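Trainee: Now for the letters of each chain:
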Amino acid sequence: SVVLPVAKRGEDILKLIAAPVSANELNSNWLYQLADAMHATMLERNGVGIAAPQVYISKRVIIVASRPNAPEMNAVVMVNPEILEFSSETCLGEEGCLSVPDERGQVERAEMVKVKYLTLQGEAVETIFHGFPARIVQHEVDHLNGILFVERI
Amino acid sequence: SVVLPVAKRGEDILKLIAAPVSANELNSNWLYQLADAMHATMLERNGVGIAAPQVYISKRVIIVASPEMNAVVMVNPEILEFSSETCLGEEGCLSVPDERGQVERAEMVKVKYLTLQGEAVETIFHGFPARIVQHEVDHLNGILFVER
Ligand SMILES: O=C(O)C[C@@H](Cc1ccccc1)C(=O)SCC(=O)c1ccccc1
Ligand SMILES: O=C(O)C[C@@H](Cc1ccccc1)C(=O)SCC(=O)c1ccccc1
Ligand SMILES: [Zn+2]
Ligand SMILES: [Zn+2]
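Protein chains in written order, with the entry's author numbering: chain B, 2 to 70, 76 to 159; chain A, 2 to 67, 77 to 158.
The reader is advised that the hints may include incorrect statements.
[Said to hold, decoys possible] Subject to a maximum C-alpha distance of 25 angstroms in a straight line, what follows is the list of computed PhoX-like cross-link-like pairs (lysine-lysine):
{"hint": "1", "chain 1": "B", "residue 1": "9", "chain 2": "A", "residue 2": "120"}
{"hint": "2", "chain 1": "B", "residue 1": "16", "chain 2": "A", "residue 2": "9"}
{"hint": "3", "chain 1": "B", "residue 1": "16", "chain 2": "B", "residue 2": "122"}
{"hint": "4", "chain 1": "A", "residue 1": "9", "chain 2": "A", "residue 2": "122"}
{"hint": "5", "chain 1": "A", "residue 1": "16", "chain 2": "B", "residue 2": "16"}
[Said to hold, decoys possible] Computed footprint of chain B on chain A; a stretch qualifies when at least three of its residues, placed anywhere within it, have a C-beta under 8 angstroms from a C-beta of chain B:
{"hint": "6", "region": "105-115"}
{"hint": "7", "region": "121-130"}
[Claimed, not checked] Below, a sample of chain B positions facing chain A; criterion: calculated Cβ distance under 7 angstroms:
{"hint": "8", "residue": "6"}
{"hint": "9", "residue": "23"}
{"hint": "10", "residue": "24"}
{"hint": "11", "residue": "25"}
{"hint": "12", "residue": "27"}
{"hint": "13", "residue": "34"}
{"hint": "14", "residue": "40"}
{"hint": "15", "residue": "57"}
{"hint": "16", "residue": "58"}
{"hint": "17", "residue": "59"}
{"hint": "18", "residue": "89"}
{"hint": "19", "residue": "93"}
{"hint": "20", "residue": "97"}
{"hint": "21", "residue": "99"}
Since the hints were made in silico from the structure, they are not lab data. Beta carbons are placed, not taken as given, at the ideal position from N, Cα and C, and that holds for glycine.
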């Protein structure tokens, strides 16, 4: 397991729209090793999520791994995630970011999101996230779209 | 071996300063799989070089693989020395398809770089490989050959 360097706020890599993962990357040692190194980076910093741009990889891969301080959730790796629907109900919750290590704040998020994504093997999954996990999905997708949580306060 | 999608001219990824590879990443499966995907992408495109930014990886990793030579992967390459002697050669670019142009390059360059294992090494290139080294370093610094 490798801990990768993390991009900080002010770095341009964090403001791009990340490129989708191609079909021939699915089920590849390349994609497993990218996700493993992202997972290790997230755990090193006690994060609950991570997005490939934060480790200088402009690709649509995220990890969501909730814990209470809310489910205790083992990391789920999402390739090419797409939020199909944001709920009408909207709640404010505390967020931090590995790319903004000095600040936390309250961000308004959809209470639930319907998310479609590919596993590392390339299986299509659709799941509805609620609560803290929903906030983490919305945060990580914002990283893929060049958006930091401080821009949403 | 994976062929990676290649960013084209006008994508902002090609305009950044790529980040140095960390000590953590040297001699890792991660870094070997990155060099292998980059190598495969270069071969499938009939390239003679490639830089990580071209496959949406903002890291300082290049491959030089010309005459004939065995492919060299360079981590955190730096040009330490170059000839006043300039030459002009035709260049193209995996990221600027169906564009060809004459570019002035140093005829000789000495490059310090790390191996995939993390050993500090120096090498001198002449002629076509020297042109390729300079083109790949330009990609790490957000420069496309069309600007030269
Ligand atoms: O994607 C990141 O940048 C990591 C991040 C994700 C996140 C945390 C909280 C809400 C949305 C997204 C973190 O893991 S930051 C530190 C953290 O673990 C945490 C922050 C606030 C509350 C609880 C935990
Ligand atoms: O964009 C790249 O880095 C790939 C590139 C490298 C390069 C070629 C020539 C001079 C400097 C750098 C290419 O391989 S371009 C397309 C190509 O296949 C080619 C170009 C010239 C000679 C032989 C092949
Ligand atoms: Zn974040
Ligand atoms: Zn090029």
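Trainee: Now tell me, hint by hint, if it's right for this structure.
Mentor: Okay, the hints, checked on the actual structure:
Our distance criterion of 25 angstroms between C-alpha atoms is broken by residue 9 of chain B and residue 120 of chain A, whose separation comes to about 32 angstroms. With a CA separation close to 18 angstroms, the supplied pair residue 16 of chain B and residue 9 of chain A stays within the 25 angstroms bound. Taken as a hint, the residue 16 of chain B and residue 122 of chain B pair is honoured in the structure, with Cα atoms around 23 angstroms apart against an allowance of 25 angstroms. A hinted pair counts as satisfied when its Cα atoms are at most 25 angstroms apart, and residue 9 of chain A with residue 122 of chain A does not qualify at roughly 28 angstroms.
This hinted pair checks out: residue 16 of chain A and residue 16 of chain B have alpha carbons roughly 12 angstroms apart, not beyond 25 angstroms. Counting residues of the region 105-115 of chain A whose beta-carbon sits less than 8 angstroms from any beta-carbon of chain B gives 0, not enough to reach three: the coverage restraint is violated. A stretch counts as covered by a chain when three or more of its residues have a beta carbon under 8 angstroms from one of that chain; for the region 121-130 of chain A and chain B the count is 0, and the coverage is violated. Because the beta carbon of residue 6 of chain B sits about 5 angstroms from the nearest beta carbon in chain A, less than 7 angstroms, this interface hint is met.
Look at residue 23 of chain B: its Cβ gets to within about 5 angstroms of chain A, closer than 7 angstroms, so that hint holds up. Hint on residue 24 of chain B is violated. Least Cβ distance to chain A is approximately 10 angstroms, over the 7 angstroms limit. Interface hint at residue 25 of chain B: satisfied, since its Cβ lies 6 angstroms from the closest Cβ of chain A, which is below the 7 angstroms cut-off. Against a cut-off of 7 angstroms between C-beta atoms, the interface hint on residue 27 of chain B is violated, since the closest Cβ of chain A lies about 10 angstroms away.
About 4 angstroms separates the beta-carbon of residue 34 of chain B from the nearest beta-carbon of chain A, less than 7 angstroms, and the hint is met. Checking residue 40 of chain B against chain A: minimum C-beta separation of about 11 angstroms lies over 7 angstroms; hint violated. Annotation: interface hint on residue 57 of chain B holds; nearest CB of chain A at approximately 4 angstroms, less than 7 angstroms. The interface hint given for residue 58 of chain B holds, since its Cβ lies 6 angstroms from the closest Cβ of chain A, which is under the 7 angstroms cut-off.
The closest approach between the C-beta of residue 59 of chain B and any C-beta of chain A is roughly 4 angstroms, which is under the 7 angstroms cut-off, so the hint is satisfied. The beta carbon of residue 89 of chain B comes no nearer than 22 angstroms to any beta carbon in chain A, farther than 7 angstroms, and the hint placing it at the interface is violated. Because the smallest distance between the Cβ of residue 93 of chain B and any Cβ of chain A comes to about 32 angstroms, over 7 angstroms, the interface hint for this residue is violated. Checking residue 97 of chain B against chain A by beta carbon gives a least distance of about 33 angstroms; that is not within 7 angstroms, so the hint is violated.
Taking 7 angstroms as the C-beta contact cut-off toward chain A, the hint placing residue 99 of chain B at the interface is violated, the least distance being around 30 angstroms.
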